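Given next, in structure tokens, is a single chain: the form solved without the ligand.
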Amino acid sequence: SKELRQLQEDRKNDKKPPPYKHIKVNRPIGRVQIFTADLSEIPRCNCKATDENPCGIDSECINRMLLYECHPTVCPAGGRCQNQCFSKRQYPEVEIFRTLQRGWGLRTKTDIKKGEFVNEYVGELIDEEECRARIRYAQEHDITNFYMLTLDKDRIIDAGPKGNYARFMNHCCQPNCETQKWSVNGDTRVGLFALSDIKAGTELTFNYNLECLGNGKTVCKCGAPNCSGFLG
């Protein structure tokens, strides 16, 4: 109970989170590269411009089904294509709030429908050498908040120093969002998507699936009845 009493006090006193730079797109650091592909490598889906909601959430779209974003100059549905979520950056409105046991969190200001694009997990894109250095620094300074998610081998998104609102989304063993790795313009991106209808005011969470680098020993405080005890 000793730690809880302190947490009650902290929640009262903590007016704002530590500063970070709010950015729109991933920022490669050092020798990290972002890759591109020729347009010939972007798939054309099965949607037609005459369909009710071409390439939409509820459509038959194979690109959406395989986690490929359509390209606007290529998609058979043309300007009616509803599968350009990462590039268009239309996110549901959200706000940061202070939790008791899980630091700062994020809650939605609007209703969100099952399958809707919620956010892109954006940050600095760093290599293993840089990740280890940052994790070691944090550990040496008793920092227990990590914002690192692997994109692929030797390319890690660190939303700590620079990121967007997705950096505030906490882990839950019964979450209402999930990460998905998509191919956008010939390279990988990490999106957050709603698992169910979510009501305005609700905290947005996802299952970290042990991907948050540095949290491998962390005890989960999500409070779900099916809690694994860890961030995954």
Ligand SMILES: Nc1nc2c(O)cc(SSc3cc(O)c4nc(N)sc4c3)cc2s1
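Only the largest set of C-alpha atoms that superpose within 1.5 Å between the two forms is called the rigid core. Positions refer to the first chain, counted from 1. Compared with the form deposited with the ligand bound:
Only one entry in 85, 77, 112, 157 has its C-alpha moved by 2 angstroms or more between the two forms when the rigid core is superposed, and that entry is 77. With the core held fixed between the two forms, residue 48 has its Cα displaced by at least 2 Å. A movement of the C-alpha atom of residue 223 falling short of 2 angstroms is seen between the two forms when the two forms are aligned on their rigid core.
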Contents of the next structure:
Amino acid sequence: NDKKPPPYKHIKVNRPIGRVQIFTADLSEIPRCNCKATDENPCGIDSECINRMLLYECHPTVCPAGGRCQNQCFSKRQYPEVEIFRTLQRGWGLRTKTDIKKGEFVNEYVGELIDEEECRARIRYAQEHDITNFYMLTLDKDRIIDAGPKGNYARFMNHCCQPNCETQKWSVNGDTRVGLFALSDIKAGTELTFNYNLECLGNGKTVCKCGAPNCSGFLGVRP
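Coords for the form deposited with the ligand bound, given the form solved without the ligand:
Excluded here are partners and other molecules; the one chain stands alone.
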């Protein structure tokens, strides 16, 4: 629902579970860009910042722009203002309260970081309790983000076959994170969606109610 959760279920960074590892970089393995602190928008979405080209967040100890660096989106957790709302046939969803420009950072897909054994146990539990909402995305061959038991606002974004947001996997201080980014200009009040079918995991598949002209008919089917 759209009520404030118990605080322990709202997490701000990914939460490793059980045997799952997270990784850290030596600062010498982190790319350093050529932007200047005096630039109009140092390391911004229109810049030529090499870190952005590599989908690597600038490290705050390293980047020449320092505190003017605009390529620290994941670490700073400054997200466009959003709100949870009830849809007609797709449960709860997420909509922006502010205009968002094409390519802008919308949110990080934050959740519990689990391995495949744990993910199987959670899907089997969902099967036994008739749970029909899933919040799992593949991070890599060993790790899955599950924003179901804990997460942030991104867990409420619904699926669309012709969405207005996309996932991008970035490197942040030596480990991978999933960011959501606008595919186009989005007006305030618009529901935020992405295409689940590239990376999602769940209990089988379910009929898609996105209603897009190109609708492929299902959530849960690799294209």
